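Novice: Hey, can you work out the whole structure from these sequences and the hints?
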Amino acid sequence: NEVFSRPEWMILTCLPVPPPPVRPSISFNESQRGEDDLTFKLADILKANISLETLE
Amino acid sequence: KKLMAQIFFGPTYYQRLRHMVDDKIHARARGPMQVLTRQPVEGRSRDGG
DNA sequence: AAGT
RNA sequence: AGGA
DNA sequence: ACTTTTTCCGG
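Read top to bottom, the protein sequences are chains A and B. Following the authors' numbering, the numbering of the first sequence begins with 225 at its first residue and continues without gaps. Following the authors' numbering, the numbering of the second sequence begins with 1079 at its first residue and continues without gaps.
None of these hints come from the bench; they were simulated from the model. One or more hints might be untrue.
[To be verified] Ranges between beta-carbon positions, derived for each pair:
(1) B:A1105 - A:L270: 38 to 48 Å
(2) B:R1116 - A:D261: 13 to 23 Å
(3) B:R1108 - A:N253: 19 to 29 Å
(4) B:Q1112 - A:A272: 54 to 64 Å
(5) B:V1099 - A:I269: 44 to 54 Å
(6) B:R1108 - A:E280: 47 to 57 Å
(7) A:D261 - B:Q1117: 14 to 24 Å
(8) B:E1120 - A:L262: 20 to 30 Å
(9) A:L262 - B:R1106: 21 to 31 Å
No residue lacks a Cβ here, since even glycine has one placed at the ideal position from N, Cα and C.
Specialist: What follows is the structure in structure tokens.
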């Protein structure tokens, strides 16, 4: 469908970053993080995305 | 007054089991919620829904 | 225990 | 690990 | 060649 689902859109160019309510920081006590798995995984994406960008 | 029936009456070794009502009983009416789903927490202990 |  |  | 369900409720 030309308005909501063109084929070109199955190939990711710009990844949406979900907000914290989706990947909550389970912040036990004061000085201790406790970040979600999705936060770690998005970090790994960023980490890899920077290496590729600089590399090229 | 005497029962019209005669009862099967004698000793029988009975055991008490680990499940006792006041350890099982639970009620909730607004209480702690999940962080993610923002829904009632699980378990009697945790005052769950 | 079945079925793309 | 355990109840119905 | 290859995937997905299976009753309901202390740590």
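Novice: All hints are to be evaluated individually against the structure, with a verdict given for each.
Specialist: Hints, verified against the model:
no.: 1; hint: B:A1105 - A:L270: 38 to 48 Å; verdict: holds, 47 Å
no.: 2; hint: B:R1116 - A:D261: 13 to 23 Å; verdict: holds, 19 Å
no.: 3; hint: B:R1108 - A:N253: 19 to 29 Å; verdict: holds, 26 Å
no.: 4; hint: B:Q1112 - A:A272: 54 to 64 Å; verdict: violated, 31 Å
no.: 5; hint: B:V1099 - A:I269: 44 to 54 Å; verdict: holds, 52 Å
no.: 6; hint: B:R1108 - A:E280: 47 to 57 Å; verdict: holds, 55 Å
no.: 7; hint: A:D261 - B:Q1117: 14 to 24 Å; verdict: holds, 19 Å
no.: 8; hint: B:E1120 - A:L262: 20 to 30 Å; verdict: holds, 22 Å
no.: 9; hint: A:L262 - B:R1106: 21 to 31 Å; verdict: holds, 30 Å
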